[PDB]
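A lone chain, given as structure tokens: the form solved without the named molecule.
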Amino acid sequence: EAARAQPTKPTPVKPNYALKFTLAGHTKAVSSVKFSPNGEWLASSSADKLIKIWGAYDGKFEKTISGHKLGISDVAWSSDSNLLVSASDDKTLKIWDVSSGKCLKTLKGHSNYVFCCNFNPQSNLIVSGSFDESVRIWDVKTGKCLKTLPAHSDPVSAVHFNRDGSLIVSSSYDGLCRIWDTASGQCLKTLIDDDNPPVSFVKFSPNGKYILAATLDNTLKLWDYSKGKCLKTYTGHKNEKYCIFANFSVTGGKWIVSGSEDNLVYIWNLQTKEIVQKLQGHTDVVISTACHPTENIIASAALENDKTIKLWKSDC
């Protein structure tokens, strides 16, 4: 209670994530969970055609958002935490007012399931990837498609803007990770290696220098996209069948976090590539993980035999 009255070789750090809450309510597989940028909320999407909003710190159910006619594969937040965008099998994205639950815009243009979506940092744009093999860039304000990029020759598994919105990275079962100029629509670089497995996920690092890429040979890799080379490889998990989300955990220790088809959340040391924790609790494939913006909190979500989201917290 008073600072003066309190008493004062490096050893590797490991996190100590422990289960705090299980969030149930979806009636089919959960597909994606994302924390709001302001840290207050978690949004989840599901095969049940619903989005649900939950308290990030207490896991308290807040609301259900509905309107899509078929199941939903992804959801993402605007930078101000006020909007969501969702990507559905109904071939549309919808933009939602989080406070009201209302659909503000339906984004029509894709000719097959919409698989992945994200706002840019400005949040004037949304990027989407589809089974129709295209990446589309949309105007948030008008709902109009601004550009259709003939990006891939198979479904687009992920799309992500870099920290200033100047680049988009896309991935596909076609084996490619492609980097696009947001303004011009031109492909600036294609990351390719000899092994060339299907690419199931991609995301820029927070500092924008690296790209984390998941491939369906049970591997995650960290690319330096400027240098066009692989810096790090993370293995030990199972990933041959699904587009599982992975993350840079930056609030405490510097980790890579992923789901896995063995029903665990995996956490690796980014530099050493050693697995530092495996989180056991889910009863089906962990399709999605997300890391809280400011606290050492992970959200995880699982497929049809589980249908729950779990919140885990660590001291580091």
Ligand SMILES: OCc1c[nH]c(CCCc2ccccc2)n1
The other form holds:
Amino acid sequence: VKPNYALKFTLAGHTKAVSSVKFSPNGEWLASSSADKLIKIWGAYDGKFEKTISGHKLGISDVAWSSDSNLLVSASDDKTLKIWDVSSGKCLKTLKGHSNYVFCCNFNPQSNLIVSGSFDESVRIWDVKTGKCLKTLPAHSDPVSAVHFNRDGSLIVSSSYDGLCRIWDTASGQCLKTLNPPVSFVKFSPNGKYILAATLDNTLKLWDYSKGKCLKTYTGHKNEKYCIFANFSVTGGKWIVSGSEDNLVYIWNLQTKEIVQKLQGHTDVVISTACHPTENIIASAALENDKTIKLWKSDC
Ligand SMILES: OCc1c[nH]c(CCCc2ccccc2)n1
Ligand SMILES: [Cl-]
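What does the same protein look like in the form deposited with the named molecule bound, given that the last one was the form solved without the named molecule?
First the chain shown before, then all remaining chains and molecules of the complex.
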């Protein structure tokens, strides 16, 4: 069985490169971040523009939702993160402490913590309520490309241009495991047993966290320059989804590693993809020659 993702909506509005798209956990919204210093909120199902959220002084590299879909966090070149009330569009907290661009961010499942990764080579853990930095992890020896909490928030996985993926005990900040090309993206599988890692040699790899071994390798896409998001699609067939520097969305069969679909339409690097939490829907977003978000729907 292969998916049949077809274009449903093109979301225009950003005036520079889109950096990240994420579906709200309740499935209602897509959030987009951009080099244009803005967050935009869109209807997940009708693609309808809802609102612009502004306040960062420089471009945004990443955005992430709280578990209840009420808050966003953004990571910016202004060296801050901002926590946003999505309903009001208001900045609740500015998280200050990184000494260079903040590149990546995520809430834990409880959504009492935010993890961030920075060009300053550190991973920070922040208290959402106070906006204060709880821990600074001397995580890497080059810019941090991705940070992600596992299913219960007990672990953080980080990746870096230093070629390392590290797994951190959230509660203590201690490194549990180091899992040489630059690692441009990492995240835990929904069940937290696997880590998906991108390297800037046109390769995605599925790792068994507990055993520390590579189970699957996905190739055929172009990825030598940008930190391109990748996803587990789990609503229908079990796919791996990624953007690509050849302007396509790549979908692989997770088990067989065969490319099952390439989605055409973007006119620049597909930097970010997201999979809808309940429906067979993909969001894709592209760099500055395109600047659009596309919503795609499949029957499986
Ligand atoms: O965790 C992987 C990750 C986070 N953010 C990105 C996108 C980087 C590209 C980009 C940056 C700033 C403006 C426009 C585009 N990848
Ligand atoms: Cl996620």
